[PDB]
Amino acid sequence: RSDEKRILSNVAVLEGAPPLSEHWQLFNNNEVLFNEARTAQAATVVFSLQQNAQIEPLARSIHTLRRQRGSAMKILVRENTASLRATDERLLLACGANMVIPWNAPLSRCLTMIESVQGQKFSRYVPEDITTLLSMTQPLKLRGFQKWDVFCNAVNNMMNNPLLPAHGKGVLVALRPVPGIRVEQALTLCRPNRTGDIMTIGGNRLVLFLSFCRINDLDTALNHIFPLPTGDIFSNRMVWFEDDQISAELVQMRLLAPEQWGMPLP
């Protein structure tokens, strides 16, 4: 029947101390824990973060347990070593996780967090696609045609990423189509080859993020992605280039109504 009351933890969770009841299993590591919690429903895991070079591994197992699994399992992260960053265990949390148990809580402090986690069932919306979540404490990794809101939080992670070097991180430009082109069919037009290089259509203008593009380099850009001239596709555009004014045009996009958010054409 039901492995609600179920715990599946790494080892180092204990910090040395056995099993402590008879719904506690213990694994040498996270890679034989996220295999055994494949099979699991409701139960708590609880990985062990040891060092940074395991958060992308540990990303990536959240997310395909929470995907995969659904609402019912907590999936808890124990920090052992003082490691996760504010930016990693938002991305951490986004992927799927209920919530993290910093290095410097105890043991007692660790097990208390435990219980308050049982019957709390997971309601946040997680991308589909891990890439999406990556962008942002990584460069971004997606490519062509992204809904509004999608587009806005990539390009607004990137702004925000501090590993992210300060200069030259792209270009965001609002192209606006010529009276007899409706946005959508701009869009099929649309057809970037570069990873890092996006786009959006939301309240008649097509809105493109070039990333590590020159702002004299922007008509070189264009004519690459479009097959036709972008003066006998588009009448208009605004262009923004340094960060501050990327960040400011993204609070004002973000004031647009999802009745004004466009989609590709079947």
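Residue numbers count along the first chain shown, from 1. What changes on going to the form deposited in another entry:
- Going by which superposition fits each C-alpha best, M136 and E115 move as one rigid unit between the two forms.
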Contents of the next structure:
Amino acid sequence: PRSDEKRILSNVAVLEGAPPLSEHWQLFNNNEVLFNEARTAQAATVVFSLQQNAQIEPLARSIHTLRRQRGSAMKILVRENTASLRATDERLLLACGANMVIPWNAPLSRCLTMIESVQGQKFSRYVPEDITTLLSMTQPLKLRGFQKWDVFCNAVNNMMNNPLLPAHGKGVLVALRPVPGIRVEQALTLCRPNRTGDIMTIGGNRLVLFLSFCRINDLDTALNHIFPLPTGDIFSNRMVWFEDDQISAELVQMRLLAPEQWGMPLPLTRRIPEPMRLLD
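Starting from the form deposited in one PDB entry shown above, please give the structure in the form deposited in another entry.
Nothing else is written out below except the one chain.
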């Protein structure tokens, strides 16, 4: 049984229009046909193409299947052909069984060198049998919008203490003090979060919100996505916590606030007008 170690099963997009570089290259129209061919391989190199965010979950399933069912001899790469990708997606693909994710800003030259770099490499990391463990760590919070002060602290602390996520880059905790011209519940209507990982709460005349997987150097750009008006105009003071030890300590201090100091949104998140006399 001659070995297929020199075989290269790649998505055609990986070569950027270049011809097949050797007699070992086998190109495929999409990741599905590539996956279907790789299921009978052993020590071949498989190179997927990651072009849109919609492919992330299907790609993780394909890598996971190949890593589980075909062993550690196979070398699995993901070639990024796009820049609009979350950095947590690279860790997901590497956790499902990929040896290496090739960044979009690496030219074909660097890409080919990296394909050669993983030759002879035996997979050593552990991969679970159920992918739902790995997929649920893409969305750890599974919450979005306003949450009660007790629910906010409980939910953010459970993700904070969750063991499967690593430290560093865990998120950002922001405490915003409103300008006297506006009230807290009023400014809450301005904070409109899009991502299904970001939650807010109000209490103690402070609007605090947590952003999942946010680097501190990208906090201000994340606020521009959540506030229509500049944050400096809405709020006078800003206190930030990005490292785990400071975030968990701030959550312990936030627990020491009586429920009477907590906040709730305005009662409005066919009518019939009735006559009345004004100014009486």
